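Single chain ahead, by itself, as C-alpha cells, in the form deposited without its partner chain.
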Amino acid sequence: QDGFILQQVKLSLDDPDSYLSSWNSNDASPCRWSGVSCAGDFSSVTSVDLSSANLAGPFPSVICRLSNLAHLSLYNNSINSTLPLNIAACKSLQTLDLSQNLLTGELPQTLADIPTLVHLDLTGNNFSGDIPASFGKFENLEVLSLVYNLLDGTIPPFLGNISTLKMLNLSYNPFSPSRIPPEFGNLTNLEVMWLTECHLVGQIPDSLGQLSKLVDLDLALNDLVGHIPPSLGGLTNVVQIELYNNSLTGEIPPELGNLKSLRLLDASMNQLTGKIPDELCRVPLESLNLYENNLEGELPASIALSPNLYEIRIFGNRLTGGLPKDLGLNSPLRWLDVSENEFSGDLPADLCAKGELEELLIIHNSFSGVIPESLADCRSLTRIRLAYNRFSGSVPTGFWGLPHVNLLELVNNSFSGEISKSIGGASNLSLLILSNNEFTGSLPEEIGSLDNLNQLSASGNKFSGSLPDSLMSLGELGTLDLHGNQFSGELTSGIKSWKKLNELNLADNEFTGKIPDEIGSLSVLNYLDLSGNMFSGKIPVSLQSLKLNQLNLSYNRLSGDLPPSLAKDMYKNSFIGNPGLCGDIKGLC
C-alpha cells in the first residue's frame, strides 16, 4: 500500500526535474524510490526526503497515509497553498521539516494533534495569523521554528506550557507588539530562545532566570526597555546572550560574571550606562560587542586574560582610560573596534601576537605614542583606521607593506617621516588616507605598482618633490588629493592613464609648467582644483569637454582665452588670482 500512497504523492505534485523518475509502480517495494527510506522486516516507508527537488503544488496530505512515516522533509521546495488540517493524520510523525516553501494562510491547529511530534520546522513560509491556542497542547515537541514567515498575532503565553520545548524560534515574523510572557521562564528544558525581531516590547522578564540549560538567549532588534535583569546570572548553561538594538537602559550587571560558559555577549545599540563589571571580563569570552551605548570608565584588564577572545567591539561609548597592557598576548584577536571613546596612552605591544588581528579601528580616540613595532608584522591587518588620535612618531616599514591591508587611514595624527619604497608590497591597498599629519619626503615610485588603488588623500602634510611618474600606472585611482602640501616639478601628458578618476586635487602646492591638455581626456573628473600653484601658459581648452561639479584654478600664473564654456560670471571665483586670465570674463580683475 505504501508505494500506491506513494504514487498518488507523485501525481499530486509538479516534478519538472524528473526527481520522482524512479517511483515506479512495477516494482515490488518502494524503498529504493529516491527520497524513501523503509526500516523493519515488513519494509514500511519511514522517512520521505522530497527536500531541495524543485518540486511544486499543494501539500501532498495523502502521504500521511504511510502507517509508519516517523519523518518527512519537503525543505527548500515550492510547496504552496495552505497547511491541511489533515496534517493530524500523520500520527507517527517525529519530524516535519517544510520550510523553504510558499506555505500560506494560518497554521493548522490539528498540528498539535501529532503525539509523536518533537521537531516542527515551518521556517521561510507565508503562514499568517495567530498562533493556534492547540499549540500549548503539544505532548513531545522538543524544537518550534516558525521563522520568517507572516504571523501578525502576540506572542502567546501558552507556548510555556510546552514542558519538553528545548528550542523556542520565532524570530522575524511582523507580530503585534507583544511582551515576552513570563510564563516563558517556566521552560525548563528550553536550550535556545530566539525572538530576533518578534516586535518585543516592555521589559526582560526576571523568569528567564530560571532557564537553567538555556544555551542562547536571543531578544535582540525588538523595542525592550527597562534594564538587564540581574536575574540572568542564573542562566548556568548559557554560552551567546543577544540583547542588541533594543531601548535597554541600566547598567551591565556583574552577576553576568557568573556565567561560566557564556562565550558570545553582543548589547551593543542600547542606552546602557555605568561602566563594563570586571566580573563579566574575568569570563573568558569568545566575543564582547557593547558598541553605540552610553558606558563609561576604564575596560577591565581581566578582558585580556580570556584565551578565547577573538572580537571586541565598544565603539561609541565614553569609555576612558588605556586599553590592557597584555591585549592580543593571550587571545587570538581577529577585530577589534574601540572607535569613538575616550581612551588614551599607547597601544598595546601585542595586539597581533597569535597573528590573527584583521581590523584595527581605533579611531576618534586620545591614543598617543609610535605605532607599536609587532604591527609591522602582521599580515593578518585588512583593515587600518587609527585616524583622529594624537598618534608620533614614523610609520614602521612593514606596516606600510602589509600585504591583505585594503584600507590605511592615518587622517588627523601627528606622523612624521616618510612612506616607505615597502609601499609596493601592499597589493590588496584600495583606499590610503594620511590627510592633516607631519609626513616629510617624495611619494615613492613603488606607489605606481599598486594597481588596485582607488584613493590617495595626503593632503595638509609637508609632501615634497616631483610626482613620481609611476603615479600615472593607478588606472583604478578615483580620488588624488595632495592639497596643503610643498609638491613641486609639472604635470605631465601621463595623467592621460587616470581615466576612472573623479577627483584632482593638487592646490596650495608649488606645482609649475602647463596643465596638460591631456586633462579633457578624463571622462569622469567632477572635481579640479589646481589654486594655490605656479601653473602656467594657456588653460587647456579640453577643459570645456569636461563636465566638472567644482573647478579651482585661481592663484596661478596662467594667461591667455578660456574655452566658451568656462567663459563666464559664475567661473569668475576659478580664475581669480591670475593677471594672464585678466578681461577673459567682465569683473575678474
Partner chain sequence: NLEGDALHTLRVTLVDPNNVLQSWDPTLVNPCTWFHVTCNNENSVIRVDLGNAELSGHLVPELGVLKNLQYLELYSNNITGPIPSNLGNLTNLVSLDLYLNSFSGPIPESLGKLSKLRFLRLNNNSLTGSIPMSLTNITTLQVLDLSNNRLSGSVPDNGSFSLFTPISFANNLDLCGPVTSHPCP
Second form
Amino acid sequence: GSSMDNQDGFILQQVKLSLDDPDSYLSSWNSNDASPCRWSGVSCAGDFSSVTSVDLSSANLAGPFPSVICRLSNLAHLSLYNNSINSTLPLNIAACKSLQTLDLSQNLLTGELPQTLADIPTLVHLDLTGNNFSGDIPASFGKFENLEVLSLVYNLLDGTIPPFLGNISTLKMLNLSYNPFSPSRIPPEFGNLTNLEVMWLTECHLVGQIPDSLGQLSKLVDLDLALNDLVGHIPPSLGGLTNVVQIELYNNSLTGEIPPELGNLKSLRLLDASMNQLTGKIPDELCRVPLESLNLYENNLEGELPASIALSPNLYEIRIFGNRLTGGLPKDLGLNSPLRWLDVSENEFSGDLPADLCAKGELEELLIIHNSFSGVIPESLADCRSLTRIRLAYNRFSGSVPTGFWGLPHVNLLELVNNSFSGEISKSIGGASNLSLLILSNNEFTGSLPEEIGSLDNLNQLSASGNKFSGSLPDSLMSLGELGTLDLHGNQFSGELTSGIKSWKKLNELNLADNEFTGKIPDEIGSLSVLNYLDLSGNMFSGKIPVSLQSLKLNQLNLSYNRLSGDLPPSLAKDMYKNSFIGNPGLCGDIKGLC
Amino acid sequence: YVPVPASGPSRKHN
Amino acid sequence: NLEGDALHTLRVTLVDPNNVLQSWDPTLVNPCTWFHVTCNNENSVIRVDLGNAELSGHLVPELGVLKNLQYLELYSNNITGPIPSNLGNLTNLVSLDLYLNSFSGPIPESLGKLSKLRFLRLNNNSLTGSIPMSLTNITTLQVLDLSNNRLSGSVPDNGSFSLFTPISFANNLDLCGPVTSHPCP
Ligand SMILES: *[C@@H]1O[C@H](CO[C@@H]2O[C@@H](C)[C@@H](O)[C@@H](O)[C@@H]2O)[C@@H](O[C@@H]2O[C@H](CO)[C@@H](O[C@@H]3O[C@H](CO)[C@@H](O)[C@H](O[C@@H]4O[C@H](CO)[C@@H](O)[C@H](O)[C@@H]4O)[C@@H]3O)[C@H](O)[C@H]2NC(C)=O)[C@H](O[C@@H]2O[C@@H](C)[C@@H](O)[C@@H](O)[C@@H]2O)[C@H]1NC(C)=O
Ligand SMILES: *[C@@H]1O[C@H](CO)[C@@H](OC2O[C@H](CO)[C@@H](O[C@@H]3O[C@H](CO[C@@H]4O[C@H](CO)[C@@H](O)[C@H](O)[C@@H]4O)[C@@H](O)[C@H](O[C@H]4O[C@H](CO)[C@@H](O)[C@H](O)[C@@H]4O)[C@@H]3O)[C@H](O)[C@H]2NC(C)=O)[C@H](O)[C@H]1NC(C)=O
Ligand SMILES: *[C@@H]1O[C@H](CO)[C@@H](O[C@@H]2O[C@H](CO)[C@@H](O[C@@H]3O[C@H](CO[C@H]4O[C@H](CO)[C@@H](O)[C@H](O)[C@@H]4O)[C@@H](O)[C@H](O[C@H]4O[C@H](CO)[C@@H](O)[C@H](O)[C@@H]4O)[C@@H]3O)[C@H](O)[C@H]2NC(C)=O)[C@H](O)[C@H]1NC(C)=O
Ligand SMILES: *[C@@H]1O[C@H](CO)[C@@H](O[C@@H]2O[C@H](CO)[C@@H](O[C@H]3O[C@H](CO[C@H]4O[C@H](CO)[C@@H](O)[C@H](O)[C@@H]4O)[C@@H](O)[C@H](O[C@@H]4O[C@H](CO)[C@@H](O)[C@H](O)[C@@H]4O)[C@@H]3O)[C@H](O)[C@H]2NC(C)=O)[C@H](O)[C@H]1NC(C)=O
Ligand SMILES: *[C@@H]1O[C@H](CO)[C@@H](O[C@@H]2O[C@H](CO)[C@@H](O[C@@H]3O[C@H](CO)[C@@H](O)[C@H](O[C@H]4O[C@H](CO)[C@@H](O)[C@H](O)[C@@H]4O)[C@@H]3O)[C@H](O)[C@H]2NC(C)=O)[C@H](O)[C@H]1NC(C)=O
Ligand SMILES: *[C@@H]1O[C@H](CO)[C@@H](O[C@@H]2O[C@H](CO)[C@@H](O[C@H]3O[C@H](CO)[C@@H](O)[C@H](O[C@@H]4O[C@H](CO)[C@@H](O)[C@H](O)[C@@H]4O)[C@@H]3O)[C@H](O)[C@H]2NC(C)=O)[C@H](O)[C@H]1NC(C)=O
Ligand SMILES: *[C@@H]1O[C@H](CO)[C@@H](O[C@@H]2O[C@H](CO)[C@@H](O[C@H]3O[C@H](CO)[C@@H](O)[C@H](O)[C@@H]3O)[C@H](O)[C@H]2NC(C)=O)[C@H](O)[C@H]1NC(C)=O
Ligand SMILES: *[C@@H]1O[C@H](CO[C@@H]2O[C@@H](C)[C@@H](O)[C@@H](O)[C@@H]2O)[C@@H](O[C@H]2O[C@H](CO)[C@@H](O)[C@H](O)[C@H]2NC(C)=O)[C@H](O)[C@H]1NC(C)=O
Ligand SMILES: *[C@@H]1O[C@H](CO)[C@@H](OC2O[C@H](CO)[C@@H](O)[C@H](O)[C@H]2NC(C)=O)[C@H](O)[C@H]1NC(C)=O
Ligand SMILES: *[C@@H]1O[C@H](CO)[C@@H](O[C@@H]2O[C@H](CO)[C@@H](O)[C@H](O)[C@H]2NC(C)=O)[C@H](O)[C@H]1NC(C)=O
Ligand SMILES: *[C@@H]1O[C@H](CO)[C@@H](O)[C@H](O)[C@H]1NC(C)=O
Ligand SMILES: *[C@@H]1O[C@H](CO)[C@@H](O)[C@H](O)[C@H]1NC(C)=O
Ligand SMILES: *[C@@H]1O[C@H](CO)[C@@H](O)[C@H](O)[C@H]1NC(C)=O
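Right, the form deposited without its partner chain is done, so what does the form deposited with its partner chain bound look like?
Every component of the complex follows; first up is the chain already shown.
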C-alpha cells in the first residue's frame, strides 16, 4: 500500500545529477521508466521495486560521495570501486543504516575516516583500499557490531595501530597494509579476534616483538607481518595457528631459530621468513609439513637442508639463497613435487645435483651460483624444456654438458661460468629459440663454435672467455644482429674476420683478445654504429689499421701485440692511445716509444 | 589505479 | 639491490618503444644479468650501454647512486629534459656520452666533480648557458665534444681545456674566447 511506496528512481536521478559521467555509464537511468531496477548498476531483490544493491564500480564517475543515496531504504550493498569519487567521506554516510557491503576502494577520497561508519549496525564489509585517507583510526571502529572485513589498505593513515581494533569480535579480516603508520607494536589484543582468518599488516611500520597472543588465533589462514621492523624471535606460540596456510615475516629484523613448533601447522603450505637475521638450522619438523613454498633467503642459517622437504607432493618454490647452509641437496628433490623455482645460491652446499629436479616437468629457474656442487649436469635436465633461467656458475662442476641441455627452447639465460665443464657446444644449441644470454666463461670447453649458434636470432650476449675453443669463427655468427656483447678472449680461435662483421649493428663490445686470429682488421669495423669497446690484442692481425676506425667513438681500444704495419691515422697518434698499439714492430706512429 | 601487491611470498631471485 | 632500484627508476621514466629494458627485472638480487648492464667482479654496475635504442623521456637523478659506474652510454636517442645535476656524484665515471639527444638546460657545474672522466661527449643537444669552469679541474679529460649546442659565454683555455681545439666547441649560439678566435668583452 501507501506505507510501502518509495521514490528510489528519484533518489537515483539525484545521485546521477551529483556525479560527472564522461563515459555515459548512467544513460540507462531514464526518469520515464516505471522502475529503476533495469538501470546500469542497479539490482532490486524481491518483486518489490526497492533498490537493494548499487554497483557502479569501474564506471569512470567523478565527484564527492552522493550522501542522498542513503535515502534508498533497502540499500544493503553499495560499490563505487575503481572510480574518481573525491573529497572527504561525509559523516552522514551513517544515514545508510541498512548497508551490509560498502566498497569505496580505488577512489580519490581524502581527509579523516568518518567515525560514523561504526554507527551502521548492519555493516559486514568495509573496503576503503586505494584512497588518500589520513589521521588516526577513530575509537568508534572498536564498536562495530557485525563487521567481518575491515580493509584500510594503501591509504595515508599516519597514527599508531590501535589496540581497540582487537575488540571487534565478529572480525574475519584486518587488512591495514601499506599505510605510513607512526611506529607501533602489534597490540596483544589482536589475539582476542577469535574469528580472524586474515591479518594483513605488510609495510605498517610495525616495531617490537610478535606477541604470543597471536598463537590464540585458531581460525587464522593468513598471517602477513612482512615489510616491517619487528625484532625478537619467531614465537613458538605460532604453532597454535591450527588453520594457518600462509605465514609472511620477510624483510624484518627477526633473530633466533626457526621454531620446530611450526611443524604442528598441518594446513601450512607457504612460509617466507626471508631477509631476516635468523640463525641455527632449518628444523626437520617444518620440512616434514608438505609445504608448497618455503623462502628463507638472506638469513644467517647453517647446517643441512632436511631431506624431509623432498617428501612434499606440493613443493613448487624453495628460495634459501644467502645463507651458510652445508651438505647435499636432498636426493629425491623434484621427484615427488612440481618444483618450479629453486634458488639455493650463495650457500656452502656440496656434492652432485639431485638427479630428478625436473621429474614433474615444471622446473623454470635453476639458480645455484656460489656453491661447491660437483659432478656432471644430470642427463634428465636435458629433457627439462620448462626451464627459462639456468645459473650454475661458481661451482666445482665437471664433464660434458648433456647434448639436449644446450637446445632447451624456453631458456633465456644459460650461465655455466667458473666451472671445469668440458666437451663442445652441441649443434643442438640451434633449438634454443629464446636464448638471449650465453655465459660460458672460465671453463675447459673445447671445439669449434657450431654453425647453429648463428640460428639464435635473438642472442644478445655471447661470453665464452677463458676456454679452449678453436677454429675459425662460423660465418653464421656474423648474422647475429641483436648481439651487443661478444667476448671470446683467452681462447684458441684462429682464422680471419670477414666483411660480414658489418651486420653486428647492435654490438657494443668486441673482445677477441689472446686468440690466434690472422688476416687484416676488416674496413667494415667503422660501420659498427654502437661499438665502444674493441680489444683485438694478443693476436696475429696484420696489415694497415683501417681509416674507418676514426669514424667510431671508442672508449676502449687495444690492438697491441699483433702484426699490424703502416702509419697511425693522425687521430690515433694521441697520447691517450699510447698503450693501444704496443708490440706492432711494422707500425710507425708519432706516439712516444712507438715506431 | 594504484595496483596493490597481494599478501604472499617475496620474489627476490638470482 | 640499491643499484638495480636506481636503474629501474630510469626504466619507468624512460619511453622504450623497442622494449630494450625488458630484461630489467627489479626482483633480481642485482642488475648484473640485465641486458645493457655490465658489472665488475664485485657485482657493482660499471657500464650502462643504451646507445641508439630509440629511447625517449627524461633521465633521473637516481643514476648518481651508481658509485662504480665508469661508462654511461645514452647517445643517439631522443631523451629530452635536463642533465641531472646528481650525475656529478658518479665518482668513477670515465665516459659521459649523452650526444645525439634533445637534452636542454645548462651543463651542470657538478660535472666538474668527475675527477676520473676522460670522455665528455654532449654534442648534438639543445644545451644552453656557459661551459662550467669546474670542467678545467678534470685533469683526466682527453676527449671533449660540446659542439652543435646552443651554448654561449667564455670558453675556458686553462687546466685540461688548454689542449682542446675549435672542433670541440663548434656550432654554438655565442661562444667567445681564444679557441673561438672571437675575443670576449
Ligand atoms: C571533485 O571532483 C569533481 C568532479 O571533477 C572532475 O573530477 C575531478 C576528480 C578532476 O579529475 C577534475 O579534473 C574533473 O573535472 C570536481 O567538480 C567539478 O569541478 C569542475 C571544475 O574543475 C566543474 O566545472 C565548472 O563546471 C562548469 C559546468 O560544467 C563549467 O562550465 C566551468 O568551466 C570551464 O571549463 C573549461 C574546460 O575547457 C575550463 O578551461 C575553464 O577554466 C572553466 O573551468 C567549470 O569547469 C565541474 O562542473 C564539477 N563537476 C561536478 C559534477 O560537480 C570537484 O571540484 C570542486 O567543485 C567545483 C565547482 C570547483 O569549485 C572546484 O574548484 C572544486 O574543487 C572536485 N573536488 C575536489 C575537492 O577536488
Ligand atoms: C577501472 O576502471 C576503468 C574505467 O575508468 C577501467 O577502464 C578502462 O578499461 C577498459 C577495459 O580495459 C577499456 O575498454 C574499452 O573501451 C574502448 C574505448 O576506448 C578508448 O579510446 C580512448 C581514446 O579516445 C582511450 O583514451 C582509452 O584509453 C581507450 O583506449 C572500447 O573500444 C573497448 O571495446 C570493446 O569491449 C567491450 C567490453 O565488453 C565489448 O562489449 C565491445 O564489443 C568491444 O569488444 C572497451 O569497451 C576502457 O577504454 C578504459 N577506460 C578508461 C577510462 O581507462 C579499468 O580497467 C578498471 N580497472 C580494474 C582493475 O577493474
Ligand atoms: C677548480 O679547482 C680549484 C682548486 O681546488 C677550486 O678552488 C678552490 O675552491 C674552494 C671552494 O670550492 C676554496 O675553498 C675555500 O677555502 C677558503 C679559505 O681559503 C684560503 O686560505 C687557505 C688556507 O691557507 C688557502 O689554502 C686557500 O688557497 C685560500 O687562500 C674558505 O674561506 C672557503 O670557505 C667558505 O665558504 C663555504 C661555503 O662555500 C663555507 O662552508 C665555509 O665555512 C667558508 O666560510 C673555502 O672553504 C679554495 O680556497 C679554492 N682554492 C684556490 C687555490 O683557489 C675551484 O673553485 C674549482 N672550480 C672552479 C669552477 O674553478
Ligand atoms: C583482505 O586481505 C586478504 C589477504 O590479502 C584478501 O584475500 C585473499 O584475497 C585474494 C584476492 O582475491 C584471494 O584470491 C585468490 O584465491 C582464490 C581461491 O583459490 C584457489 O584455488 C585455485 C584453483 O586452481 C588456484 O588457482 C588459486 O591459486 C587458489 O589456490 C582464487 O579463486 C582467485 O583467483 C584466480 O586468481 C587469479 C590471480 O589474480 C586470477 O588471475 C584468476 O582469474 C582467478 O580469479 C585468487 O587467486 C585469496 O583467496 C584471499 N585469501 C584468503 C585467505 O581469504 C582479502 O580479499 C582482503 N579484503 C579486502 C576487502 O581488502
Ligand atoms: C673465476 O675463475 C677465474 C679463472 O679461473 C678466476 O680468476 C683467476 O683468479 C685468480 C685469483 O683471483 C687470478 O690470479 C692472480 O693470478 C695471477 C696470474 O695471472 C697471479 O700472478 C697472482 O698471484 C699468485 O701469487 C700468490 C702469492 O701469494 C699466490 O697466492 C697465488 O696462488 C698466485 O700464485 C694471482 O693469483 C688469475 O689470474 C685469474 N685468472 C683469470 C683468467 O682471470 C676467478 O677468481 C674466479 N672467480 C670466482 C668468484 O671464483
Ligand atoms: C623467454 O624468456 C623470458 C624471460 O624468462 C620469458 O618471459 C617473461 O614472460 C613471463 C610469462 O609470460 C612474464 O611474466 C609476468 O609478468 C607480467 C607483467 O609484467 C604478467 O602479465 C604475467 O602474468 C600472469 O602471467 C602468468 C604466466 O604464467 C599467467 O598464467 C597469468 O594468467 C597472468 O597473465 C606474469 O606475471 C615476464 O614478465 C617476462 N619476463 C621478462 C624478463 O621479459 C619469455 O616468455 C620467454 N619466451 C619464450 C618464447 O619462451
Ligand atoms: C568493544 O565492543 C563492544 C561490543 O560491541 C562495545 O560495546 C557496545 O558499545 C556500544 C556503544 O557504546 C553500545 O551501544 C548502544 O546501546 C546502548 C544500550 O545501553 C546505548 O546506551 C548506546 O547509546 C548505543 O545505542 C552497545 O550496547 C555495546 N554492546 C555490548 C554487547 O556490550 C564496546 O564499546 C567496545 N569497546 C571499545 C573500547 O571499543
Ligand atoms: C582478551 O580479552 C580478555 C577478556 O576481556 C574483556 O572482555 C571483552 C568481552 C571485552 O569487553 C574487553 O574489553 C575486555 O578486556 C582479557 O582479559 C581480561 O579479563 C581479566 C579477568 O579474566 C582481567 O583481569 C583483565 O584485566 C582483562 N584484560 C584487559 C586487557 O582488560 C585479555 O587480557 C585480553 N587479551 C589481551 C589484552 O591481550
Ligand atoms: C681556470 O681559470 C679560472 C678563472 O680565473 C678559474 O676559476 C674560478 O676559480 C676561482 C678560484 O678558485 C674562483 O674564485 C672563481 O669563482 C672561478 N671562476 C669561474 C668563472 O668559475 C679556474 O679554477 C681555473 N682552472 C684551473 C684548472 O686552474
Ligand atoms: C649534429 O648537429 C649538426 C648541426 O645541426 C648536424 O649538421 C647539419 O646536418 C644537416 C643535414 O641533416 C646539413 O644539411 C647541415 O649542413 C649541417 N649543419 C652544420 C652546421 O654542420 C649534424 O648532422 C649532426 N650530427 C649527426 C651525426 O647527426
Ligand atoms: C593526499 O593527502 C595529503 C595529506 O592529507 C594531501 O595533501 C593530498 O592533497 C592528498 N592527495 C590526493 C591525491 O588527493
Ligand atoms: C626491505 O626493506 C627495506 C627497507 O627497510 C627496503 O629498502 C628493501 O628494498 C626491502 N626489500 C624487499 C625485497 O622487500
Ligand atoms: C651528490 O650527492 C649528495 C648526497 O650524498 C648530495 O647532497 C649532493 O647535493 C649531490 N650533488 C648533486 C650535484 O646533486
